[PDB]
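Chemist: These are the residues of each chain, in order.
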Amino acid sequence: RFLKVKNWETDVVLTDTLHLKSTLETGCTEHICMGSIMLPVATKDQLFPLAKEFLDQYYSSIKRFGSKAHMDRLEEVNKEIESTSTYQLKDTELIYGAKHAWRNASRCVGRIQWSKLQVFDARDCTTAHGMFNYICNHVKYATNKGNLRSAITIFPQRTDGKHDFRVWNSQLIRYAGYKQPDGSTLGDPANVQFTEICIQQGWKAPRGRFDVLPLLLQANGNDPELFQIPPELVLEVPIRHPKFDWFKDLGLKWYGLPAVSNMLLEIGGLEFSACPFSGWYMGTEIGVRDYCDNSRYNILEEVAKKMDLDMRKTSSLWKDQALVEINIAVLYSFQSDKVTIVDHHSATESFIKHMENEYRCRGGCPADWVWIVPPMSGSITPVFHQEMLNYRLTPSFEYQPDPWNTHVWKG
Amino acid sequence: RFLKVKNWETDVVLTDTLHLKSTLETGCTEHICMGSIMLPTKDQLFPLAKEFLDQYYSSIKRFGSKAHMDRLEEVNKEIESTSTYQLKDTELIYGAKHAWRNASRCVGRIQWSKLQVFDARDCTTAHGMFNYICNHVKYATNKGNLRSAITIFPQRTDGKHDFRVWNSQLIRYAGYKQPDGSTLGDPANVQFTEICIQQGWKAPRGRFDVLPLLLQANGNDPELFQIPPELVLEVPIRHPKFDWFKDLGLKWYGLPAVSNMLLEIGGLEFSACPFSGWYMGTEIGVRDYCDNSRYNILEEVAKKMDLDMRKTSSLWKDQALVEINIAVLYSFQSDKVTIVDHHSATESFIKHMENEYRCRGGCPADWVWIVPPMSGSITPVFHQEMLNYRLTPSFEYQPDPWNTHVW
Ligand code: HEM
Ligand code: HEM
Ligand SMILES: Cc1cc(N)nc(C[C@@H]2CNC[C@H]2NCCNCCc2cccc(F)c2)c1
Ligand SMILES: Cc1cc(N)nc(C[C@@H]2CNC[C@H]2NCCNCCc2cccc(F)c2)c1
Ligand SMILES: C[C@H](O)[C@H](O)[C@H]1CNc2nc(N)[nH]c(=O)c2N1
Ligand SMILES: C[C@H](O)[C@H](O)[C@H]1CNc2nc(N)[nH]c(=O)c2N1
Ligand SMILES: [Zn+2]
Numbered sequence: 299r300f301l302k303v304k305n306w307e308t309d310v311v312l313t314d315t316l317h318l319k320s321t322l323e324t325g326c327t328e329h330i331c332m333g334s335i336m337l338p348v349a350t351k352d353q354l355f356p357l358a359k360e361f362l363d364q365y366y367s368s369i370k371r372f373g374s375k376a377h378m379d380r381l382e383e384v385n386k387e388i389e390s391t392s393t394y395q396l397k398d399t400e401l402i403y404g405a406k407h408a409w410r411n412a413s414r415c416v417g418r419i420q421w422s423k424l425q426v427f428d429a430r431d432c433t434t435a436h437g438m439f440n441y442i443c444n445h446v447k448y449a450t451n452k453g454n455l456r457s458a459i460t461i462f463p464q465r466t467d468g469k470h471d472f473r474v475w476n477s478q479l480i481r482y483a484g485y486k487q488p489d490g491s492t493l494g495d496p497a498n499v500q501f502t503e504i505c506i507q508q509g510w511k512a513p514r515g516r517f518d519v520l521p522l523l524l525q526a527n528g529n530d531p532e533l534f535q536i537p538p539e540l541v542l543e544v545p546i547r548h549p550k551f552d553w554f555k556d557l558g559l560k561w562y563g564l565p566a567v568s569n570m571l572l573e574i575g576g577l578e579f580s581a582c583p584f585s586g587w588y589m590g591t592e593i594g595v596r597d598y599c600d601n602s603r604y605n606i607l608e609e610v611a612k613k614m615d616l617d618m619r620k621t622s623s624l625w626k627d628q629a630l631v632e633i634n635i636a637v638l639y640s641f642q643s644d645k646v647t648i649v650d651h652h653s654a655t656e657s658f659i660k661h662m663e664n665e666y667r668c669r670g671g672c673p674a675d676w677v678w679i680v681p682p683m684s685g686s687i688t689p690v691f692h693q694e695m696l697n698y699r700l701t702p703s704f705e706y707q708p709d710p711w712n713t714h715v716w717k718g
Numbered sequence: 299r300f301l302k303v304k305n306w307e308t309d310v311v312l313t314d315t316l317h318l319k320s321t322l323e324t325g326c327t328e329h330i331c332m333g334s335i336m337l338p350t351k352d353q354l355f356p357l358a359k360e361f362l363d364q365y366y367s368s369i370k371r372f373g374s375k376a377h378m379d380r381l382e383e384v385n386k387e388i389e390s391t392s393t394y395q396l397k398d399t400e401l402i403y404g405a406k407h408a409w410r411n412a413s414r415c416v417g418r419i420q421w422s423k424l425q426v427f428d429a430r431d432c433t434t435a436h437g438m439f440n441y442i443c444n445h446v447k448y449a450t451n452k453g454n455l456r457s458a459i460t461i462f463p464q465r466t467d468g469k470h471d472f473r474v475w476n477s478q479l480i481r482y483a484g485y486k487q488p489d490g491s492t493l494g495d496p497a498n499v500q501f502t503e504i505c506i507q508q509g510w511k512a513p514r515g516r517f518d519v520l521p522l523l524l525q526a527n528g529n530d531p532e533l534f535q536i537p538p539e540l541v542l543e544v545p546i547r548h549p550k551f552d553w554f555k556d557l558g559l560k561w562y563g564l565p566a567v568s569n570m571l572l573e574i575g576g577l578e579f580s581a582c583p584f585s586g587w588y589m590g591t592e593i594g595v596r597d598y599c600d601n602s603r604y605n606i607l608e609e610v611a612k613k614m615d616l617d618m619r620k621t622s623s624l625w626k627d628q629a630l631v632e633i634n635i636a637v638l639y640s641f642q643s644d645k646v647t648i649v650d651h652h653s654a655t656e657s658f659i660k661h662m663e664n665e666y667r668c669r670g671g672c673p674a675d676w677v678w679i680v681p682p683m684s685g686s687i688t689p690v691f692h693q694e695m696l697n698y699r700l701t702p703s704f705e706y707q708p709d710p711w712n713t714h715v716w
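These protein sequence lines map, in sequence, to chains B and A.
Numbers 299 to 338, 348 to 718, taken from the deposited numbering, label the letters of the first sequence in order.
Numbers 299 to 338, 350 to 716, taken from the deposited numbering, label the letters of the second sequence in order.
Just so you know, these hints were derived from the structure itself, not from any lab.
Do not rely on the hints blindly, as some may be mistaken.
[Stated by the list, open to error] If you want the footprint, here are the derived chain A segments under chain B, 3+ residues with CB under 8 Å: (1) 317 to 326; (2) 625 to 635.
[To be verified] Below are the DSS-like pairs computed for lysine-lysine, each with C-alpha atoms no more than 25 Å apart in a straight line: (3) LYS397(A) <-> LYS359(A); (4) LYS620(B) <-> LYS645(A); (5) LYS620(A) <-> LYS626(B); (6) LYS620(A) <-> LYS560(B); (7) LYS304(A) <-> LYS319(A).
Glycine included, C-beta positions come from ideal geometry on N, C-alpha and C.
One chain only, chain B, in its complex shape:
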């Protein structure tokens, strides 16, 4: 099975064989496409084959497939599984695994960068305090005074499922949201429920529009504990506009480091339930989604007012007009303060080069068009015109349920 994809703008045709290595399921069937659905304890029996596939992959990557070193590793892992019901990854295998999970992440437009990932091994961590320290170091290293570097920190793997390490925050750095009695929200509405848990856990909320949330960290299946990230470690960028001097008075700012902390990293059947990773922002993530989603900060109207746009009819495209201005402002503000950011034109152009390279050297590149195409100006980016194939490879990042939903409170 060889599958072709075409770019309808350049006529470039690519051939995918990599999808043949794909094990897991998509959610689609021969009779239904679920391509726009957001979300469509392992035994000894299942664990050794997962480890074997992984180690075969790894040993092939280093060009030592079938070597004594390969065979001895397989037998040692097999022996460890029979003896302990699980196994430990070598450092080299862990690094390879984390890099490949990113490389395999079909929703990620930033994958050109996949092989430059700083991996921090935190598998010796035992406590929430220890977690807090590892996370501070990650943020400092990743931030690098505005010259952002990709990084991931990997806490100990799942054992019986009763001893999970979890970061309860969905991102390492995010702003509080507060629901007022009149039904309005102060700060980020996406984080209301989590903000409430923090407060209940004893967090003293400043109750402003951009309060950096505390970290809520769970080690070894224990109840999570609160920690405040040192503010000097949180790089933030005040948002202003190069031509509109009133833009600064909206009082907007955002943080520089996007750091996902709620996903599960699977490598060779092992499950790393706390594996916060970070890169740098594409401008639209902030300027389109965080600022302009109706369910988020929702600033379109206010910006449109200040621009004196005709707001009587949608057909004036006043929303579209303000949207662009806001995104100009985000990019200009990050650049002026020398904080790494990428615009959607540049990021998508790089992704196309990446994808073409991946087909040539790897036999394919799994990609989720729904997610890769930016949330503004879709068709003026080269990805809009690129056919893509979505399929699931491991190592992988996976979603997991929010821990407040599953956690057994001890007290």
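Since chain B is already given, all that's left is putting chain A with the ligands on it; use the hints.
Modeler: Chain A with the ligands in isolation, oriented as in the chain B frame:
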């Protein structure tokens, strides 16, 4: 079995059961999603007819009635003898409206039940086809108060007697390759334009030359025809703020009319079925004008706007895109030619989905196509999960006739 779709902006959850009546295949498997791929006998005919008649008779609340059973026998008989059958007018109108209703890539379906169906099954020649098409064009255009319409020519027989419109749309602009190396007019229609010239068309060789119609009746070689200019409503493009905009020389036609698809009703294949509605503004302002491989006017517009074109991060492309799209909507509106903006079309489609979920148990929808090519996430459809599946009657793609036709 039962499937949920959620809207992440409103938290409204809908349940889909209509997918369980899906016959055709998606291109996807359990192992691979092809959601972004653009193009993924006697015995055969009877279950198809029955499947169709059963849904028809259930639609008019006569499922299992004598009229139902009697029609199933009458069709079984005609199939057993002729190897095809003929739709009643009522069935043909129902099948057409439902093919639109079932078009998962169409954002404009709130309108599906107000389709005017022109039965051209009595047509025998290209001149006859030309007459039907002029009438369709004039009826649909309605002096700028556009009305949806489809004209349906005779159904396929042996497949050597096909009626085809060779144009992809009834109305489109010519594309010519130049000594310069660049392209004059619409580059999407370069190959079709050459075939017209090859067939004998005298090209005016301008930027916006309405293509002639190239019509094929009963499997014969196709013939050229100029649509009467007075029947082609065009809109000059100007900007409500920018005086200089008019001087780019831009115009577009008011009537969007797909003529290359195949309409399938109860196993019967209608290879010539031009249909038309009215434009969503972005189809012209984003795609026709700004695609790199289309009129590609972004560089010129950004220049007139004196934007900073040195870095992509000034979002000069995005600023100019918006102004172009404002101009398109302003112009059509000023000329009272029906047009819808992407905000209003997508809001209506969300209302339509909800209607369809409560009334029919679902609405097949292709998110990749429904979400507009600009400002995606500020439209409600962006945040709406959709399930895509294939119901019949339907519109389907077919080979371009020139790659097929035996001369
Ligand atoms: C380095 C610059 C990076 C850029 C510009 C980038 C960009 C993006 C964007 C725009 C998305 C779509 C998510 C959304 O819009 O909500 C995304 C998703 C994702 N990215 Fe990347 N990313 C980068 C680094 C990374 C790194 C370092 C990793 C892991 C090592 C990663 C893994 C993922 C994953 C797993 C998703 C899916 C998130 C989800 O499904 O919710 N990304 N990325
Ligand atoms: C009344 C106003 C209408 C609006 C605003 C509208 C809107 C649209 C849009 C935006 C598309 C995507 C096309 C593209 O980007 O190239 C589309 C596709 C489509 N439409 Fe509608 N439409 C309308 C009427 C109709 C009618 C009357 C029919 C049939 C009777 C129809 C059938 C289809 C089909 C079959 C497609 C997919 C065709 C393809 O894949 O190119 N539409 N429509
Ligand atoms: C590392 C990195 C760099 C970067 N520039 N950008 C990112 C995107 C983050 C990660 N993940 C989405 C973005 N964060 C937004 C939060 N949304 C969660 C996605 C979601 C919601 C609901 C259901 C579901 F299935 C998925 C990461
Ligand atoms: C009836 C109607 C009304 C309306 N507003 N809008 C429409 C969409 C038209 C028809 N169909 C596309 C749109 N016209 C744009 C031309 N593009 C051709 C699409 C295409 C190109 C290459 C390969 C392929 F598979 C498909 C129809
Ligand atoms: C319903 C739909 O699948 C959902 O809104 C998706 C669409 N595409 C996306 N793309 C990105 N990058 N991020 C998102 O959150 C979403 N949301
Ligand atoms: C490759 C990709 O499927 C292709 O560019 C599609 C994407 N979505 C689209 N959506 C619409 N409405 N029209 C199109 O032509 C396309 N093109
Ligand atoms: Zn699919």
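Chemist: So, for every hint listed, does it hold in this structure?
Modeler: Against the structure, the hints:
By the rule of at least three residues with a Cβ nearer than 8 Å to a Cβ of chain B, the coverage given for the region 317 to 326 of chain A holds, with 6 such residues. Given a C-beta distance limit of less than 8 Å, the hint that chain B covers the region 625 to 635 of chain A holds, as 7 residues qualify and 3 suffice. A distance of roughly 14 Å separates the Cα atoms of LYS397(A) and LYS359(A); the hinted pair therefore holds under the 25 Å criterion. Proximity of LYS620(B) to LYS645(A) is assessed by CA-CA distance (about 16 Å); at most 25 Å being required, the pair is judged to hold.
Taken as a hint, the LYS620(A) and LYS626(B) pair is honoured in the structure, with Cα atoms around 24 Å apart against an allowance of 25 Å. For the given pair, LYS620(A) sits about 23 Å from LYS560(B) by alpha-carbon distance, which is consistent with the 25 Å threshold. Between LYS304(A) and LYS319(A) the CA atoms are separated by roughly 21 Å; this keeps the pair inside 25 Å, and the hint holds.
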